[PDB]
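In the form deposited in one PDB entry, a lone chain appears below as structure tokens.
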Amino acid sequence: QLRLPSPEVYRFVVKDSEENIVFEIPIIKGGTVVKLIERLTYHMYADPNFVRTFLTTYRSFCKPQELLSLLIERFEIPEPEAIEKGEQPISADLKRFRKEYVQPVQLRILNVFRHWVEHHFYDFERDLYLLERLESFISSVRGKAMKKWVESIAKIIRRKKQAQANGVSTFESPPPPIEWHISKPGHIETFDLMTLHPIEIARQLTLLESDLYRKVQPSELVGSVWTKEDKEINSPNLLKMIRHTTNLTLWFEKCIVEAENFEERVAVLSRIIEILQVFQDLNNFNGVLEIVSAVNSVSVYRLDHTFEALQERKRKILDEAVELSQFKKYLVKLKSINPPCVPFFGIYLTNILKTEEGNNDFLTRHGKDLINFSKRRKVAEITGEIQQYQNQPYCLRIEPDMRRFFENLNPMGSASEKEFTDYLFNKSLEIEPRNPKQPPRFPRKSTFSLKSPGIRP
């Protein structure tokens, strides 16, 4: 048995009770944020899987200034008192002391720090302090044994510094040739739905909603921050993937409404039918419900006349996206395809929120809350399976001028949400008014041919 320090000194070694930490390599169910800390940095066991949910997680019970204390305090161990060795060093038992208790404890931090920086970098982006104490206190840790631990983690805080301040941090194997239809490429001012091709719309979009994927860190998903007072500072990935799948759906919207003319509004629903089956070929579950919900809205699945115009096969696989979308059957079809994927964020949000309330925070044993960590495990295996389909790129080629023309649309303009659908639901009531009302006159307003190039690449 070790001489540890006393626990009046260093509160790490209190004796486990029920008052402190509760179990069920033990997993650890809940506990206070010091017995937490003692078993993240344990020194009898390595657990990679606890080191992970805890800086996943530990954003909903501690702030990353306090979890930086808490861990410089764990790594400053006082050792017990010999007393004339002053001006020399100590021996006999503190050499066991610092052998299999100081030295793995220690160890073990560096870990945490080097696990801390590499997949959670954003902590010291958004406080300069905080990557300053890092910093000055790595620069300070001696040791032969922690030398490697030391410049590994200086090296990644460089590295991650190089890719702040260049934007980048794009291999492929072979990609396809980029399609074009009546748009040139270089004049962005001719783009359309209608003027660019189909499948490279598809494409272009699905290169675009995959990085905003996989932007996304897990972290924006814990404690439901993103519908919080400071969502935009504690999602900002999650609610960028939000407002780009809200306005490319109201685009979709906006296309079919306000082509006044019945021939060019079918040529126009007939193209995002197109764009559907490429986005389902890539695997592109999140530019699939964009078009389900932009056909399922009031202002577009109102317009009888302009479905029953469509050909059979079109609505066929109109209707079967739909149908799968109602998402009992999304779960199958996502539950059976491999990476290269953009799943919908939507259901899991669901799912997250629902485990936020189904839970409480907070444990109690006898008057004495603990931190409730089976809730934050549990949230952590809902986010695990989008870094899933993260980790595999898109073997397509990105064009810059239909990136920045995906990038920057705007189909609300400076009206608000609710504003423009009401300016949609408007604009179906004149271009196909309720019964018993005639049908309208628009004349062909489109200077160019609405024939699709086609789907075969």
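Think of the rigid core as the biggest set of C-alphas that the two forms share within 1.5 Å after superposition. Residue numbers count along the first chain shown, from 1. Compared with the form deposited in another entry:
Superposing the rigid core between these two forms leaves a single residue from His305, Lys333, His115, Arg315 with a C-alpha shift of at least 2 Å: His115. Annotation for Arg377: C-alpha shift of 2 angstroms or more between these two forms, rigid core superposed. Residue displacement note: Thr32 has its CA displaced by at least 2 Å between these two forms (rigid core superposed).
Positional change of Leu70 between these two forms reaches 2 Å or more at the C-alpha, relative to the superposed core.
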Second form
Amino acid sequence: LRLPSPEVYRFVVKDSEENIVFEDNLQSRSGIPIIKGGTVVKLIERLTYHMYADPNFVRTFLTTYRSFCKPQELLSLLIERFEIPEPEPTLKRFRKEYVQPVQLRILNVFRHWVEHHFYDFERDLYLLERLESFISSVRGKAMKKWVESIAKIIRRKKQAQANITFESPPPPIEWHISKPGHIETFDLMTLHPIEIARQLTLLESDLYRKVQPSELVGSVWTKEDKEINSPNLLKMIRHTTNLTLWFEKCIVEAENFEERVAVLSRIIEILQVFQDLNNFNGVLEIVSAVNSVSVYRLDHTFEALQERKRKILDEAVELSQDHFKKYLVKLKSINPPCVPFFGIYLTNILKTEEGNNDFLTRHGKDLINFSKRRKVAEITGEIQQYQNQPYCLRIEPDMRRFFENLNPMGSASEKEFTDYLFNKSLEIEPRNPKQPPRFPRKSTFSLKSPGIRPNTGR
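To test you: the structure above is the form deposited in one PDB entry. What is the structure of the form deposited in another entry?
This part shows the chain on its own.
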């Protein structure tokens, strides 16, 4: 009874379809009403509601909010929420049934915020200055525990900001023609295919484990705030592009037909080791390379593959068909560790982003579509389940450095570079029915694969 005037406290404007929308269905009957959308004011209100706790909304909100609210603005709204004015009189119930419950719900939000999304503060020291200054100003007797708990989390995050443990013997590193410390001799064909697969899998596992759901929500990696909203996603996308184009480049620049067949075969071996390692990211990067317009059209090179190499490629390619029907089946059947195919989460998020309005309307004046953010958090959520299981393989630092530095494009555009691959493809297997032209090798190394049975393994 008796809140302050909406005129001095924007959160207590009356609930109407002007400001807030709930799901009206059989699920929303029992218990905590389910939010479909509202003004950001109204969503903040319900994020810190006096009448009940809402752990599920707090989790979804803090995962998704960056698609509709800046971190600086969220802090401003939680402080605005916190600074609750006195009701209009002619306080004791107001203070214990409204204020204290609301202020604890705010401090609970801050606690989830610094616990699970401290990257927001790592990305913006000013954001953290504002949070530290505000939290240190809270002198409420019952607030004390919460304030201490938030301080302890910030201390732990700052520590680990400044400050690999094998649970079983990892396999011995495999060497082919390229020997350790000879990084200048590192090529697709001089490195061991087993170790190429292992070190790309370690690189790709590391890139994949660093991606936060929030880097995907509201397709933020394509918007202009992407380098800050999606740094880990964009490293992973740039990796995929560089490795996919490196495989294409290795195939199409092998002018000598025998060499090119040996190169395509070696790639397919690498694909088999990716499959053994449940690195489906790796599998579908190679699939991506071999269905590329510049490599797809090399009918003579494909034809000359051993039927067994052909078979492994066909099975891999089929994982991708019918909207990755078989990949999705395979992914649910394997034992981690694994690197999921990252592309399909991007695709399925673009479809969900594109297909749902960011807003319910402009008649209520920016009613945020929250249910849209819930559906995307279900997709980003699936990412999480394979991020907590590391590979029992050893880093080969110079191989790691080679693969981290892959730059097939050089200074050219993606476009300039894919035009080049295509002009090269037409040169090496022209659009005529004559046998493929016969070019000399420029490389001297044996074409012979050591295969994908471990050698030093034993």
